[PDB]
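Q: Kindly produce the complete structure, drawing on both the sequences and the hints.
2 protein chains.
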Amino acid sequence: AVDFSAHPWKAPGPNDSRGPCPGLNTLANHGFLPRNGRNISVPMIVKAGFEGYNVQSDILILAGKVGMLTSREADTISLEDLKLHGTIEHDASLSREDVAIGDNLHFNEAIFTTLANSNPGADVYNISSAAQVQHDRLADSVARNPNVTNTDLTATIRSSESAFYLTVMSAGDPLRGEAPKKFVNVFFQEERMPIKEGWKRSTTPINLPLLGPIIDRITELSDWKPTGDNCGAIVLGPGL
Amino acid sequence: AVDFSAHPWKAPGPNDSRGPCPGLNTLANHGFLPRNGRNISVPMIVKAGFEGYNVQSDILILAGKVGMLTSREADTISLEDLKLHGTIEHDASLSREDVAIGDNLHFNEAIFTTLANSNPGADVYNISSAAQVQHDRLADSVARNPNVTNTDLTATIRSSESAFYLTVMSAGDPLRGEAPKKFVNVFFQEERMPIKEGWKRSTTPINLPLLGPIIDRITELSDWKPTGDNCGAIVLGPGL
Ligand code: HEM
Ligand code: HEM
Ligand SMILES: *[C@@H]1O[C@H](CO)[C@@H](O)[C@H](O)[C@H]1NC(C)=O
Ligand SMILES: *[C@@H]1O[C@H](CO)[C@@H](O)[C@H](O)[C@H]1NC(C)=O
Ligand SMILES: *[C@@H]1O[C@H](CO)[C@@H](O)[C@H](O)[C@H]1NC(C)=O
Ligand SMILES: *[C@@H]1O[C@H](CO)[C@@H](O)[C@H](O)[C@H]1NC(C)=O
Ligand SMILES: CC1=CC(=O)CC(C)(C)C1
Ligand SMILES: [Mg+2]
Ligand SMILES: [Mg+2]
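Each protein sequence line maps, in turn, to chains B and A.
Heads up: the first sequence begins at -3 in PDB author numbering, then just goes up one per residue.
Heads up: the second sequence begins at -3 in PDB author numbering, then just goes up one per residue.
Be aware that one or more of the hints could be misleading.
Identical chains blur together in the list; that is why a pair holds if it fits in one copy or across any two.
[Unchecked claim] Straight line, CA to CA, 20 Å or less: simulated SDA-like cross-link-like pairs of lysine to any residue:
1) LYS43 to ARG68
2) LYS43 to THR72
3) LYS192 to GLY228
4) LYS178 to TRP220
5) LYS196 to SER67
6) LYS196 to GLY27
7) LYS178 to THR152
It should be emphasised that the hints constitute simulated quantities derived from the structure, not laboratory data.
A: The following block contains the structure:
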């Protein structure tokens, strides 16, 4: 079918567009998406997500078209466009800072420490660990960011993203909702598929039916509460 | 090179997809967009809006990508998809009914009578008339629709739509914010470019700089006030 030896990892160059998403960045770093990270359409994301991760079109079409809002182009984005705050990009990221008090675009090792330290005693991250991380990340934003946005919508996106790293970077069936720390850490830290370390694309399709109960369970265990107005309104386009 | 004589009006057939937008319906009825009203992308809308109306890519890209959310496809819609309540489609339409209490899709003459009767004594609709109509239409939804939604966002979209019919169906410079009743009525009632009646595509580009002050003025004269939730959250995709 598809050859991963034909999709080598290469570090992004100075003019390669990268965004706040390790999922799409990794695909770009492997040429599943254009290495320059530009002129990326939803069909390209669908194909790239399938080929790279076995993530199905249901979630990628839905998230894809929302992400398209971040650009000024008709049907494409640069990966960096996705940093636009309040479309998808949200406070209390796993590996980026809140835009009001820092860089919401680039990987940040200090931020990532909370996740990297989660689930002490196991060699995997799992649903309970992901939930604790989300709780701790949100508490941090509430403590240090007086403009924190925390809504039903941001909470759901956050849980989705956790479900993604648990499933896409899994060793076993993605259903189990657990992934080796060695895989997940390479994914975030280097935005690389950890092939060397033993990772293989899931042979189980990762789609909304599979992700949905993982997402809800992460949310449930995270002891989440809304902030302020709880308005789930998205930013519809740049420079508004 | 655009030839309007090569773009005759034809009535939609029973299986030609039509939506709640007279702008896009008219383009389809003239073959500027596919006559079947299916498989329509943002680039196609951009080109069709330029060719047909001299509406620029700035507004069509922004509106277009929001409209894309209404389908289950990667990068296209049917025109009917746009009826999805709470993405763009809203209560207090000029020519459709509120979805909670009627058909939010098709032209309705009874609804349209408020607009058709506006600006008594002149042969044009203008900013003040458009504002009065919006005020009256919203009062109608507040009176008769127990599920009425009225937000900053819906109010602004409504004013945008009014600005569109004032500008795209204009005889003079679209800047003036006035259009012959004969043109606007055919546009809504038949979803036809009133070529026979003397209408010609604007030679002035219709873009956000031009529309913005018209929109704000319509809003201002309309004596609009928030009435409830006022959360400008859009529906992000169908069947949620
Ligand atoms: C298999 C597909 C994907 C995976 C595995 C994935 C993975 C991730 C993960 C783990 C995060 C969290 C990063 C963090 O909190 O620091 C994230 C964030 C993000 N992803 Fe994705 N993603 C995928 C697809 C997409 C798509 C298709 C889009 C856009 C359409 C997207 C847009 C984003 C954005 C904007 C963020 C930033 C959220 C934030 O932290 O503020 N992702 N992604
Ligand atoms: C760029 C893509 C466009 C999209 C996605 C779009 C979408 C929509 C939608 C979904 C509605 C229904 C809102 C409602 O009344 O509840 C609507 C209404 C309308 N659109 Fe468009 N439209 C677009 C372009 C245009 C253009 C170029 C015109 C030019 C005349 C136009 C004129 C209107 C008007 C007058 C209405 C109001 C109909 C009413 O209140 O009864 N639109 N549009
Ligand atoms: C996650 O792993 C830890 C340690 O192995 C364990 O205490 C916890 O029950 C696990 N939770 C889930 C959901 O598997
Ligand atoms: C839609 O259009 C694309 C490109 O114009 C074409 O490849 C495809 O066959 C079309 N599909 C439909 C829905 O007819
Ligand atoms: C609209 O037309 C009416 C009647 O001709 C007139 O009284 C009013 O000044 C006009 N409004 C605008 C904004 O031009
Ligand atoms: C509409 O409003 C009524 C209250 O008058 C309520 O019973 C009903 O749930 C609402 N319908 C929708 C669509 O939520
Ligand atoms: C201002 C405005 C006008 C529209 O018609 C669409 C959208 C996206 C709501 C933006
Ligand atoms: Mg973030
Ligand atoms: Mg409506």
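Q: When no copy is specified for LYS43 and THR72, does a C-alpha distance of 20 Å or less occur within a copy, between copies, both, or neither?
A: both (15 Å within a copy, 16 Å between copies)
Q: Checking an output row: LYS43 and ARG68, CA cutoff 20 Å. Within, between, both or neither?
A: Classified as between; 16 Å across copies, 23 Å inside a copy.
Q: At most 20 Å between C-alpha atoms: does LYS196 with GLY27 qualify within a copy, between copies, both, or neither?
A: Answer is within; shortest intra-copy Cα gap is 17 Å, inter-copy 49 Å.
Q: Up to 20 Å between alpha-carbons, please classify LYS178 paired with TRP220: within, between, both or neither.
A: Neither, since 28 Å and 57 Å both go past 20 Å.
Q: What label fits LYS196 with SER67 when the C-alpha limit is 20 Å: within, between, both, or neither?
A: neither (33 Å within a copy, 33 Å between copies)
Q: When Cα atoms must be at most 20 Å apart, do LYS178 and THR152 count as within-copy, between-copy, both, or neither?
A: neither (26 Å within a copy, 50 Å between copies)
Q: Can you tell me if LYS192 and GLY228 fall within 20 Å by alpha carbon in one copy, between copies, both or neither?
A: Neither: 41 Å inside a copy, 47 Å across copies.
Violated hints, in rising order: 3, 4, 5, 7; the structure is consistent with all others.
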